Amino acid sequence: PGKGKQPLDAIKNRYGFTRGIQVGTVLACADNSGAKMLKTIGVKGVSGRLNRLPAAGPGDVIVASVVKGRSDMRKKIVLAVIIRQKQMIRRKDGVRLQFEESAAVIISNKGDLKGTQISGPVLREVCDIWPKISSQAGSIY
Amino acid sequence: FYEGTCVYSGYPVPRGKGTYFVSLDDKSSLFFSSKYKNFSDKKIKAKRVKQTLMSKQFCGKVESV
Amino acid sequence: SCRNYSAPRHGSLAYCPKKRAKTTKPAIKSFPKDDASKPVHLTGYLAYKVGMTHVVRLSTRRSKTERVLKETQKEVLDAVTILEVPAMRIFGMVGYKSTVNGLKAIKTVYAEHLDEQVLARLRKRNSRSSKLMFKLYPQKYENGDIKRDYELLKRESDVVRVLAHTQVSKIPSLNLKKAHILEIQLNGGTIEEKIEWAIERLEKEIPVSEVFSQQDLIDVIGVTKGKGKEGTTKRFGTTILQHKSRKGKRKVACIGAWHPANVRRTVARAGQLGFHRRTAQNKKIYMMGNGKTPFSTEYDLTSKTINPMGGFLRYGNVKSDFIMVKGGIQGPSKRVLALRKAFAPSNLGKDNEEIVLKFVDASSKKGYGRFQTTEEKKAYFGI
RNA sequence: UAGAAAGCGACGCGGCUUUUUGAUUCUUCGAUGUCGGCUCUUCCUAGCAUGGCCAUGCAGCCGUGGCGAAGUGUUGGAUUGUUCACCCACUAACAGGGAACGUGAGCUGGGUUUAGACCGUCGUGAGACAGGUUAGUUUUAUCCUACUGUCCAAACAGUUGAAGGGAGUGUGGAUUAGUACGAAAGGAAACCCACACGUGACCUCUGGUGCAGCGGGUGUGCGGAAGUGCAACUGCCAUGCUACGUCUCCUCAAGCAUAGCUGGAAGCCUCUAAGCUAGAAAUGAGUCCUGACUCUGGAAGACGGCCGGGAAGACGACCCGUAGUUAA
RNA sequence: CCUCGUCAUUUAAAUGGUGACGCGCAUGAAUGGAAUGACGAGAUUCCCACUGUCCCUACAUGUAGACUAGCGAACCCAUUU
RNA sequence: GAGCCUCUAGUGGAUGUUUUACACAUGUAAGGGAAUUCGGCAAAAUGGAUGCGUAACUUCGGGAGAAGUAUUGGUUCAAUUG
RNA sequence: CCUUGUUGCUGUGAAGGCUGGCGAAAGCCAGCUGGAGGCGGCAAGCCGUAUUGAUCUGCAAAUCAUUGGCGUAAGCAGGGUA
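Chains as they are written, first to last, in our numbering: chain A, 1 to 141; chain B, 1 to 65; chain C, 1 to 383.
Where hints are given, some of them may not hold.
As the list claims (entries may be wrong) - With a straight-line cut-off of 30 Å between C-alpha atoms, the simulated BS3-like cross-links for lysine-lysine are:
no., chain 1, residue 1, chain 2, residue 2
1, C, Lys204, C, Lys97
2, B, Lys17, C, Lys74
3, C, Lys358, C, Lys378
4, A, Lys36, B, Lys27
5, A, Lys92, C, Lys284
6, C, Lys70, C, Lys378
To be verified - Which chain B residues face chain C? A few, computed with CB under 10 Å, are given here:
no., residue
7, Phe1
8, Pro12
9, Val13
10, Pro14
11, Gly16
12, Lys17
13, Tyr20
14, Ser33
15, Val62
Hint data in this document are derived by calculation from the structure and do not stem from the laboratory. Every residue, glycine too, gets a C-beta built ideally from N, C-alpha and C.
Please model the entire structure based on the sequences and the hints provided.
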């Protein structure tokens with residue numbers, strides 16, 4: 001539900017994959033918007049329990065701050081979608097996948113993309129729930 | 001039913017075993033096990049690993065294309 | 001003072017005290033409600049745990065409200081357990097009467113001829129016996145005592161159950177010469193019908209196909225694996241303490257307040273873990289078959305038995321009839337289990353769907369198994 | 001916006017609580033270890049979320065005031081020794097408290113409060129300062145009782161069920177539907193599917209581990225090679241164990257608040273004075289775990305040790321075998 | 001003292017650090033005042049590398065410990081718990 | 001005359017059992033990388049020799065091994081210390 | 001205070017000296033030789049920072065492990081004397 005600053009209006013179904021990315025993780029930005037590295041500060045949809053750090057998998061929306069990028073863009077808070085992950089995932093058909101490096105892509109409150117082109121490969125399941133990503137990805141797996 | 005053929009070893013992979021590794025070059029590749037994935041990372045040439053189907057074909061111990 | 005932050009309890013109090021089970025063989029203690037509107041039928045059976053494998057099935061399950069036009073079909077990979085079920089033999093019956101103190105047994109009646117395997121349960125040490133066990137009982141057939149006995153059972157009873165034993169000599173890997181004995185309830189019809197149905201079948205063999213069929217939901221009762229004496233970190237799941245502490249980190253730090261001046265039964269302590277009775281409800285039968293008849297799917301046109309290359313690790317090859325069920329089951333290989341018809345029917349959509357298999361894995365369970373049959377291994381290697 | 005009372009409620013008046021700080025000195029000075037955090041359990045209600053309802057200045061959406069209810073929840077961080085405070089991020093929501101200001105023979109030792117030393121202010125001085133600063137030893141259960149499991153009281157085979165325990169909770173998407181309702185702007189209401197946290201099990205797959213097994217090299221020993229010690233390094237990996245893996249979790253009955261039916265008192269009226277109907281995440285049962293006293297059966301021998309194993313194990317105990325698909 | 005002083009910089013967020021300012025409860029000149037180099041098991045803040053400190057724990061080794069032969073104490077004690 | 005391995009010369013006992021939990025000395029770990037805590041306490045990482053290349057400030061002596069980077073085994077040869 | 005014992009391996013490279021170049025002079029720049037210092041890294045030793053580790057009915061009325069500080073010198077030590 002939409003509360004606080006930077007609310008999200010476009011909620012989607014989670015997949016139950018392993019959660020490789022958590023608060024504290026620094027990861028690359030894959031789009032052409034001008035950010036380069038993002039530092040993870042929160043995850044949408046997490047209600048929390050004692051002593052556990054919030055974590056995310058592919059398809060989930062993270063809150064992050066821009067730690068490398070153009071001057072206009074640094075030290076600001078932003079929303080992004082996780083498109084690939086280095087931790088292993090299992091499909092319901094039993095196939096297992098693993099990428100070389102993790103990455104995310106920046107979005108608006110309405111779920112629209114910030115940039116126009118995405119570097120490198122993207123996970124098939126993400127393109128099923130975020131249809132706009134299908135248009136501008138490098139390859140689908 | 002098979003999952004495919006392992007990239008490094010040449011071995012056919014049974015359904016429901018092994019893993020795909022996807023590089024930033026955009027290629028997807030299938031490995032039989034962690035053993036042979038690690039040998040790729042460490043740049044061991046497959047033709048020198050004498051139990052592999054690749055090595056046996058190269059030596060002419062096994063008839064191939 | 002109140003504690004600083006909220007958190008849930010560690011472990012469930014539904015299973016405390018967690019003591020060790022008394023013997024390894026379970027009785028079915030509860031049976032589904034009788035209904036006089038149906039034919040006479042049995043309600044349970046005994047089985048032995050063989051091992052696990054995996055299968056691929058086709059599916060088409062989706063939300064009824066999903067707007068997608070196409071009849072999408074999808075492969076799913078699932079893990080399964082195999083149980084061996086040789087035919088049981090009927091050897092007697094018991095009648096019970098209802099009282100203000102529950103059900104009480106009136107009399108028990110046995111068959112004229114009994115097997116060496118069942119008489120062996122009655123003695124303690126197998127190899128030291130005079131074998132004068134049931135030798136005088138057959139006279140009761142001549143005397144008409146049997147005919148007086150049936151009259152009393154038929155006259156004054158509310159519930160009727162048969163006695164059945166299992167043919168252990170068919171499963172050599174058990175190293176066992178004494179049969180297991182179970183008391184099984186009959187539902188349907190009237191007391192008279194139940195008694196006549198039983199009388200017709202003393203000394204005979206009932207196959208598992210009498211009791212269960214494919215796609216049915218069943219309850220499985222068994223005793224879990226044993227793990228010895230264990231600490232609180234494993235027995236109840238409590239967190240490990242700070243790294244620089246003296247006198248040990250793997251413990252509950254505080255076991256009570258000053259008042260009351262005693263330890264409460266709700267606090268975690270070290271002790272026995274594992275070897276307890278547990279019942280798993282609503283497991284579904286994927287397949288039923290026989291250990292030495294080959295089978296095929298619509299898609300896998302190979303013809304093979306259920307047995308993997310080299311057999312199951314400490315068991316060997318299945319020979320009798322078998323059941324295959326979804327998911328994992330209590331206890332290690334070789335333990336006895338009790339099977340029961342489901343106590344009540346399920347409303348969940350995941351339970352009530354059809355099952356269509358396309359592949360079953362038959363590769364070796366020792367090491368990395370990479371062939372499905374000896375023919376493939378002989379073709380991969382030379383000659 | 002009319003109007004005491006939807007919501008408020010001046011000036012005055014009566015109570016309850018012990019969670020704040022005072023007031024007093026009854027108990028302990030041949031000693032009851034003193035602040036905060038960590039860990040873990042239970043209780044209270046003055047109800048923050050989640051369920052059922054009543055009023056409204058209740059069109060709808062969002063709210064506000066009240067009633068029965070304590071089953072399940074109430075988080076991750078930055079500065080600070082802090083309880084407290086104040087900000088950032090998430091959330092259905094981030095309510096408030098008690099148990100010797102719960103908890104040091106459970107830990108920790110940052111603060112305070114022995115002996116060293118610096119600064120400011122006071123003192124002729126030795127020295128002072130709920131002013132600031134830095135360094136400063138955390139002992140012992142083998143007794144009794146509680147608590148957790150284990151054996152005996154209880155021959156062997158099959159059972160019974162007194163009594164005790166108890167468990168599932170919540171979020172989202174789709175559809176109803178851009179519908180009702182509204183001038184417009186906006187904008188609701190089952191069934192089905194995905195997930196998180198909690199609970200109980202399991203190794204087919206995938207990670208992890210390397211005791212058994214196979215290989216490799218460095219320094220130095222056994223005249224060389226082969227087989228190898230010691231110092232230790234290193235690649236792979238059976239069985240097993242494990243989670244970062246896989247499977248798992250609803251149905252009756254009596255009825256709260258309320259809203260109703262029939263109906264007198266009191267020819268009318270009226271949910272109540274008798275009687276009846278619908279009714280909550282609450283209560284009591286069943287399915288789930290433990291198993292008191294019992295009940296039914298076989299036979300002149302039965303049972304224990306000793307010997308050998310494990311699917312079981314601290315020791316007992318449990319599951320099994322002994323002239324055989326027995327062992328080597 | 002008031003006090004977690006005000007303004008700037010460092011963080012997503014600063015009872016912290018550094019830079020400025022000054023009617024300074026109660027700074028200050030051999031009761032020695034001020035600005036640096038080289039050297040401290042001295043006190044304090046930040047960045048890179050690195051990691052079982054942590055999320056969240058799992059498996060394995062040696063030595064004790066349990067059971068057994070030989071040997072064999074003490075603290076403490078109104079005691080009926 | 002470091003640590004590690006050998007020659008001369010010298011050396012040893014509370015018994016059996018594969019042995020749970022909790023300890024005390026140690027190893028290894030997916031993805032993340034100080035989120036832990038008063039505080040990076042403990043651990044990990046770096047490490048010898050040869051070459052290239054080295055800042056502010058300074059009492060001109062130093063800073064300085066600054067930082068940052070590359071090379072290294074066996075064999076068979078040339079050339080004579082490179 | 002008197003008489004004695006106890007310095008092994010390595011790095012850096014002051015004063016003084018010899019060649020070659022530049023300069024009208026004064027004196028500047030290279031390469032080599034030389035080996036100073038309460039100067040650096042270590043050994044034998046002397047000490048006592050951390051783990052607030054082990055032990056606390058101890059091996060011990062102050063010990064043990066790993067980790068640390070100095071080690072060509074206002075350093076350490078035996079006997080005689082005050």
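Tested hints:
At most 30 Å may separate the alpha-carbon atoms for a hinted pair to count; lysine 204 of chain C and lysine 97 of chain C meet this at roughly 27 Å. For the hint pairing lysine 17 of chain B with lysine 74 of chain C, the CA-to-CA distance comes to about 19 Å; that is within 30 Å, so the pair holds. At roughly 25 Å between alpha-carbon atoms, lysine 358 of chain C and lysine 378 of chain C fall within 30 Å of each other, so this suggested pair holds. With a C-alpha separation of about 23 Å, the suggested pair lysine 36 of chain A and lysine 27 of chain B falls inside the 30 Å cut-off, and the hint holds.
Between the alpha carbons of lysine 92 of chain A and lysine 284 of chain C the distance comes to roughly 19 Å, so the proposed pair stays at or under 30 Å and holds. Distance check on the hinted pair: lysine 70 of chain C and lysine 378 of chain C sit about 44 Å apart at the alpha-carbon level, beyond 30 Å; violated. Among the interface hints, the one on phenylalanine 1 of chain B holds; its C-beta lies about 5 Å from the nearest C-beta in chain C, closer than the 10 Å criterion. Here the hint on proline 12 of chain B is kept, as its CB sits about 8 Å from the closest CB of chain C, short of 10 Å.
The criterion of a C-beta within 10 Å of any C-beta in chain C is met by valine 13 of chain B, whose closest approach is roughly 8 Å, and the hint holds. Taking 10 Å as the C-beta cut-off, the interface hint given for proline 14 of chain B holds, the closest approach to chain C being about 6 Å. Interface hint at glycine 16 of chain B: satisfied, since its Cβ lies 6 Å from the closest Cβ of chain C, which is below the 10 Å cut-off. About 8 Å separates the beta-carbon of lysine 17 of chain B from the nearest beta-carbon of chain C, less than 10 Å, and the hint is met.
With a cut of 10 Å, the hint placing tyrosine 20 of chain B at the interface with chain C is violated, because the nearest CB-to-CB distance is about 15 Å. About 7 Å separates the beta-carbon of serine 33 of chain B from the nearest beta-carbon of chain C, less than 10 Å, and the hint is met. Nearest Cβ of chain C to the Cβ of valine 62 of chain B: about 8 Å, under the 10 Å cut. The hint holds.
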